[PDB]
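This is what each chain is made of:
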Amino acid sequence: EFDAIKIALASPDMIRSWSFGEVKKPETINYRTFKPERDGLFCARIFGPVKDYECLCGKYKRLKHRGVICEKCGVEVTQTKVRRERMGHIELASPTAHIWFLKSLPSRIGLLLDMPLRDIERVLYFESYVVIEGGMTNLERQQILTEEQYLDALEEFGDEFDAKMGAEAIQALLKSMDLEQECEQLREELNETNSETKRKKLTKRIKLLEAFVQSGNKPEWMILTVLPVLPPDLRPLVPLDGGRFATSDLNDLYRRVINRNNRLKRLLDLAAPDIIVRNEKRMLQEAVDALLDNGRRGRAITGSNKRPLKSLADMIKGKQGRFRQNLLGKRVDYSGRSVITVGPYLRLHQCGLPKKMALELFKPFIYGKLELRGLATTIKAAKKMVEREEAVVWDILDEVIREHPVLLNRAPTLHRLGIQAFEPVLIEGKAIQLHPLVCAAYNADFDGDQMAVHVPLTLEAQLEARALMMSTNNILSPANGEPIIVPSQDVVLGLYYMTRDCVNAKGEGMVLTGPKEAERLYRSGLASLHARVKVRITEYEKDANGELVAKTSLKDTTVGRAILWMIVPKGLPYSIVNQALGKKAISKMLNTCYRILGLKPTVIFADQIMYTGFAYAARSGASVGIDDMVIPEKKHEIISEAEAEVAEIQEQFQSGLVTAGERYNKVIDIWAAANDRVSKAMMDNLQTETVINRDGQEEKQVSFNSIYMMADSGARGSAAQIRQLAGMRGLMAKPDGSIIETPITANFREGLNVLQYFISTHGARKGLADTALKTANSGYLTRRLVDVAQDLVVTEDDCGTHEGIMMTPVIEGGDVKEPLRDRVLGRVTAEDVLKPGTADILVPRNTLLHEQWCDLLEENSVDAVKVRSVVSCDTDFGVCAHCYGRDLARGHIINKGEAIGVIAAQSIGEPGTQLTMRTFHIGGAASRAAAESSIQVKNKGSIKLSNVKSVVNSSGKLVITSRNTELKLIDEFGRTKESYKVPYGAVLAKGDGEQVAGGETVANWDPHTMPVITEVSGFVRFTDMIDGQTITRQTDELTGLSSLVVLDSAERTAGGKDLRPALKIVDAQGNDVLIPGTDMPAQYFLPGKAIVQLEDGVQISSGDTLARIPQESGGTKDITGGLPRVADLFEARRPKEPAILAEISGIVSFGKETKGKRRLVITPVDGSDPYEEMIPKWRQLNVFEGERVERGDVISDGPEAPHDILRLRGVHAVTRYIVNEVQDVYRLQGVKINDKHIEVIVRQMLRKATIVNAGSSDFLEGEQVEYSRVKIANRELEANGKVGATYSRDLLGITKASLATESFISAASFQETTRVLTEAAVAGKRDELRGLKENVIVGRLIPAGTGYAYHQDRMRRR
Amino acid sequence: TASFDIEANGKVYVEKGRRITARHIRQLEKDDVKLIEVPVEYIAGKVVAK
Amino acid sequence: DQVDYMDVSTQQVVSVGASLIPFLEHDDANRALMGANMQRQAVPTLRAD
DNA sequence: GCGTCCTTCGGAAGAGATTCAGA
DNA sequence: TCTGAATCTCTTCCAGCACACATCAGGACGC
RNA sequence: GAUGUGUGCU
Ligand SMILES: [Mg+2]
Ligand SMILES: [Zn+2]
Ligand SMILES: [Zn+2]
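Chains as they are written, first to last, in UniProt numbering: chain Y, 16 to 1373; chain U, 250 to 299; chain F, 648 to 696.
Because the hints were derived from the structure by calculation, they are not lab data. We put the beta carbon where it would ideally sit given N, CA and C, even for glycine. Heads up, some of the hints might be wrong.
Unchecked claim - Within a straight-line C-alpha distance of at most 20 Å, the following computed SDA-like cross-link-like pairs (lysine to any residue) qualify:
| # | chain 1 | residue 1 | chain 2 | residue 2 |
| --- | --- | --- | --- | --- |
| 1 | Y | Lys-749 | F | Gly-664 |
| 2 | Y | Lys-1072 | U | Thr-250 |
| 3 | U | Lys-265 | Y | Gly-1043 |
| 4 | U | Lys-295 | Y | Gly-1043 |
| 5 | U | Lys-295 | Y | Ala-1069 |
| 6 | U | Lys-265 | Y | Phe-1037 |
| 7 | Y | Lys-570 | Y | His-545 |
| 8 | Y | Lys-953 | Y | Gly-1006 |
| 9 | Y | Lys-1072 | U | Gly-294 |
| 10 | Y | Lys-370 | Y | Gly-358 |
| 11 | Y | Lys-881 | Y | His-1227 |
| 12 | Y | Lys-749 | F | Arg-678 |
| 13 | U | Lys-265 | Y | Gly-1006 |
| 14 | Y | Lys-603 | Y | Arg-836 |
| 15 | Y | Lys-911 | Y | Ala-1069 |
| 16 | Y | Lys-1311 | Y | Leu-1196 |
| 17 | U | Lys-265 | Y | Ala-1069 |
What the hints assert, rightly or not - Cβ pair distances, simulated, as ranges:
| # | chain 1 | residue 1 | chain 2 | residue 2 | range |
| --- | --- | --- | --- | --- | --- |
| 18 | F | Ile-668 | Y | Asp-464 | 15 to 25 Å |
| 19 | Y | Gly-1071 | U | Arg-275 | 28 to 38 Å |
| 20 | Y | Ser-638 | F | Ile-668 | 33 to 43 Å |
| 21 | F | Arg-694 | Y | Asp-464 | 29 to 39 Å |
| 22 | U | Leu-284 | Y | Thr-1054 | 29 to 39 Å |
| 23 | Y | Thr-1054 | U | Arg-275 | 14 to 24 Å |
| 24 | Y | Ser-638 | F | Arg-694 | 47 to 57 Å |
| 25 | Y | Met-1095 | U | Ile-285 | 38 to 48 Å |
Working from the sequences, and respecting the hints, build out all of it.
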């Protein structure tokens, strides 16, 4: 049919070609017999007939007159459907300006003529004249003349000189423009001028002129002459109940425009005075402006109720526009909706539909089978029989509903598992029964939520629902390798209560020959479910190549585990149920069942776990009483100790030792420590305090308190909720993220005061107002993440390269948060990995390492695997299967032709939204850690201190004087095992090389107020610190000691902003001291809030504190407050203080001194040395005048900006930095996201690449073009005798890179529809319909999944 | 901070460069003096009212 | 000796809707807000009890 | 009952236009 | 006095689905 | 068809 969409400007000849008539009167339906008016916005002569195959006046009535045009009213008799296809047009008496090319910012008229926007809007809205054809005078071709100046110009130069005004003047300016001469003149100016800002402006105007001269467009078409009208059927005036009509916005706007045009034409026909026609031209221009894009001008007009009405742009742009409301998503027939109930008698491939919903859903199917069997005769007879709900219809419904899967769907569909396909089971009632095993995936609690059903009509839809979207084949979440059908909240409790032991029973020491006799014992009640017996079991093993070899043993187990073994499929080792099965235990059990056996045994076993959990949970009676939450008898001692310590803090801050912010930072510290102590004390008292006799003296066992069962099993609960049920509730947070200074001291089991409840109200409102008002900026994240990765789809089997990111197991301050196994699993290695059996390879070059390979890598203790990443793939418009890895939902390599960009974006974007609508579940607790200020190393081994600049203290111990340090603990083998981050100004009791014993303390510091320290001792002189101007100095009269606080750049005096406080070190003679290594003075700069408690010229020791600066480490650190960081990383925001790097290698030295600020020059020893850099005096330099620096080394300190790290350290370093930071952010809240999705997003970041030099390619010098195009052009040129064009990868944010996508329809549908549509119309772009959203809008097979083969056939056919 | 040598009735009250602590204000109230000398360069940072 | 005013009753903090919940001082306010709302949304039965 | 008509109040960020300073 | 860096100013965006109720559609002035 | 208010689940 078609394979492209072209967008360009509209010519008046082309609009008249679109035009079928000339509307010139604002007459809608005549408030009478409802006929269209003669020459109004609705008319049969202009657009088309009202009723089908009928004339307007009534001269023809049926199809036998089709084609003829009537005589009395001049209308044609044709279909009535063409009223939404046949456009009219308006012949404006005077031209007008189209605002989209006027106020886009960049204003196309503004930079096309190089005259500012203000002058153009003054000219186009009649406040000043403008000059055309200056001629033989001093007036230029673009000069602006006011009224008085224009009058002067006419009284002195009233010759053939012309000076028009308004839209006519602008039209003359654009028509009298020569594109080639301007283009070559600007090219000459670009070649001549050396300044960069004028160069950028000139090259932007050159780009615009090249866009004009390339396409068939011309500059004069941007001023509107004829105004086409929308077809009447798309602006209907529905006849309401009575004589009034609908207040359709477009009709009123067209009425106003036609009013202005007709009045202007009448005034121009009568030769009105020039001021009146000028004012009426202004009115016409503003009316057309309000019709085209209302609200872009100063005031948006309103029709009624003082409400800004919508124009032709408000229904194309925004959240309520056609792109997001009626194109990317539509209301769908054959659908239903009802409240859901449990019905746990179902299976994974079954759902429950109400008997009445299925009769309305599958109604055409019933009609078809009723016509097939001959029970009915025609369609209307079957319709009447269905409406009468005869008994035969109910019988035949069970026939159509048999194996026709439906789409169960919830309202918020966060991820891929929001739509699953089930077979229906017809039941009575009006509720959609749902299988609870998928309720965790759905996040569909049974508290009154509505799900939506959908009926696959065509054959392919049913087969896709059977083979792809079926819930049986969706038991692995796309986020990670963990299963998504995890039993929860009843089955976990049942299994945990069953698979448990206590030392007593009805029968304990007896012996059984298998699970069957254990069941016989438990059913008869001759042995308790928690006995400790020795049954004889027959577990199977598959050591052979797919054959199960038998073995029989006599293991010491319980009765419950023996019963549970009856449902375990043949092939798993018995050492999976011989414990207390919690939630993670059975999750791992299901995972290993899937990994070993497959899919059908896994689903059958999951259903069996469901059944045997529900039955033995019903039989358990695991209730909850008020006698189950036991209050520990030592929590009030802990609150007394914390009260004493905070009373000490009172004296600490009121004296002046610490300030208000520091007091607030320490009080939260001590309250959190007390809360963590009370929680642990209560947990111990509630899990171990039970007494039982084994037929003799008393023995201790794991407690059987109900709350402990449902807090240890993990069915539903954690430490927070139960901790708040007994003992200490803790300290809660305000909606802004700040934490309350006073934690309420009471628990819900004993009660709350009338004031502690008021305090907990803060956290309770925080949770709710955080969910409902900050899940918006987390749904926005996933929206603009799915947008940026929609067009990325697997396209090739193998790209065949050797490039790949370097993969290491990360230890960022604690234990091993994630090992190698959890990190590299299911990803194809990039090269032959070297085991520590060196000179021999362990795993081949291109094997997708599965769980067995992961175990092999864990066995040989390998710590450095080069793995293929999706960001380093070499394919074109997609990524090969080998650079991605496994499907993450199936146990195999991914199939070529699958949309992984969408599953990556959804996986990244819905832990944030999900968990931010979960912060109210724990109540309102801050959940802030204790902020430990010491290092207790546990493992035995040595220390490898990397990049540490330590100095000697007055006590002699090492003190760190660097910011990027990390203390790594490495065991005796030499492999890395631990790594801790020591802070600035921390003292070390140990060093490097010494084998540190396990269980000592090596580093100490103070958590708040990290101190600036000195290298060399001596006397300090108070330089550039005068009281009041830049420092607030307070002094006690009696003692006479200065404890000052410095000012910021905020509250300091405006004149004194050039005064920068610092402490300079001098000797006894006041001479200059030097840093060890260089001859530069010790100028230690002071930041804001720096407190100093010293005196000028005091004797100190080397390596001591000088000043303290508060850190203000305050925040709840939830996913609600704590994830703008992910948005900053993905949109690539430049940090406030970027740490300057070394852009080229070579020796480092200074050049000129104080060119306003410091200067530095890097010179290589072989190549050219044109690199200079500007260094503000804010940051000290970690390098000196006499070392050698390499590319990527940090000259100063601070956060890295995700532009320079890419441009200097390469793609791998920046992608690893982004991956690590996002992974740490998500793992702070326990989320487990596979890194592949993040790498997919980072690859989608890097699509733009600016050209360094043209080379032999056809691209320009500074033009920014797709990296895929550059790679293809370079590969094509390298096949010939030419040379490729050197480039550099850019890094634009997800929003920036999405808005500059090659297919303009995606960007137009996403955001800034006006600014993108105008650019696409100016440039004359041509969409290829390559991605997914474009084919969604068009309505074809998306080239993503099952339609990928069809798209390949359609592409290769041409 | 005293930009010059603060003095009154001939005798010097606050030396140059020294800040005017509250004891200095109290002692100047006790001495009951209002007329002081000043270099004309200090008038540069002043603005005329009418 | 320093006080000069005292609250009339404990019930004055909460509204009329939220005061009808018994044992409100043991429920978390998060599950008291929704409790008050769903007490606001109740339907009258046949034989009131 | 007919019938025709001329208030302010967000805020986080990006971009494009000014001002500054500074050598 | 030209030209980068800093600041001023204008525009864009802000979750999804569903349900219930109401009004409203020129309303002012002449006939 | 659009606005206004209230409400449910996230
Ligand atoms: Mg819910
Ligand atoms: Zn006719
Ligand atoms: Zn590849």
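Comparing the hints with the structure gives:
1. Y:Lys-749 x F:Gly-664: 24 Å, violated
2. Y:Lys-1072 x U:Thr-250: Status holds; Cα separation ~18 Å.
3. U:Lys-265 x Y:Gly-1043: 17 Å, holds
4. U:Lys-295 x Y:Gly-1043: With Cα atoms ~19 Å apart, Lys-295 (chain U) and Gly-1043 (chain Y) stay inside 20 Å; holds.
5. U:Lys-295 x Y:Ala-1069: 18 Å, holds
6. U:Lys-265 x Y:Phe-1037: 17 Å, holds
7. Y:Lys-570 x Y:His-545: Within the cut-off at roughly 15 Å; holds.
8. Y:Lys-953 x Y:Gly-1006: 16 Å, holds
9. Y:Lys-1072 x U:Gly-294: 18 Å, holds
10. Y:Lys-370 x Y:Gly-358: The hint holds at about 15 Å.
11. Y:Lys-881 x Y:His-1227: OK: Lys-881 (chain Y) and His-1227 (chain Y) at ~12 Å, within 20 Å.
12. Y:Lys-749 x F:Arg-678: The hint holds at about 18 Å.
13. U:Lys-265 x Y:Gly-1006: 52 Å, violated
14. Y:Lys-603 x Y:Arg-836: 15 Å, holds
15. Y:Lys-911 x Y:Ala-1069: 64 Å, violated
16. Y:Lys-1311 x Y:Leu-1196: Status violated; Cα separation ~33 Å.
17. U:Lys-265 x Y:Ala-1069: Violated, at about 25 Å.
18. F:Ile-668 x Y:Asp-464: 15 to 25 Å: 24 Å, holds
19. Y:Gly-1071 x U:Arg-275: 28 to 38 Å: Holds, at about 29 Å.
20. Y:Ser-638 x F:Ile-668: 33 to 43 Å: The hint (33 to 43 Å, Cβ to Cβ) is violated, given that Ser-638 (chain Y) and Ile-668 (chain F) are roughly 23 Å apart.
21. F:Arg-694 x Y:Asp-464: 29 to 39 Å: 31 Å, holds
22. U:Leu-284 x Y:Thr-1054: 29 to 39 Å: Holds: the Cβ-Cβ distance is about 35 Å, inside 29 to 39 Å.
23. Y:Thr-1054 x U:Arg-275: 14 to 24 Å: 19 Å Cβ-Cβ, so the 14 to 24 Å window holds.
24. Y:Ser-638 x F:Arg-694: 47 to 57 Å: About 30 Å separates the Cβ atoms of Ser-638 (chain Y) and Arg-694 (chain F), which means 47 to 57 Å is violated.
25. Y:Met-1095 x U:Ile-285: 38 to 48 Å: Holds - the Cβ-Cβ distance for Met-1095 (chain Y) and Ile-285 (chain U), about 46 Å, lies within 38 to 48 Å.
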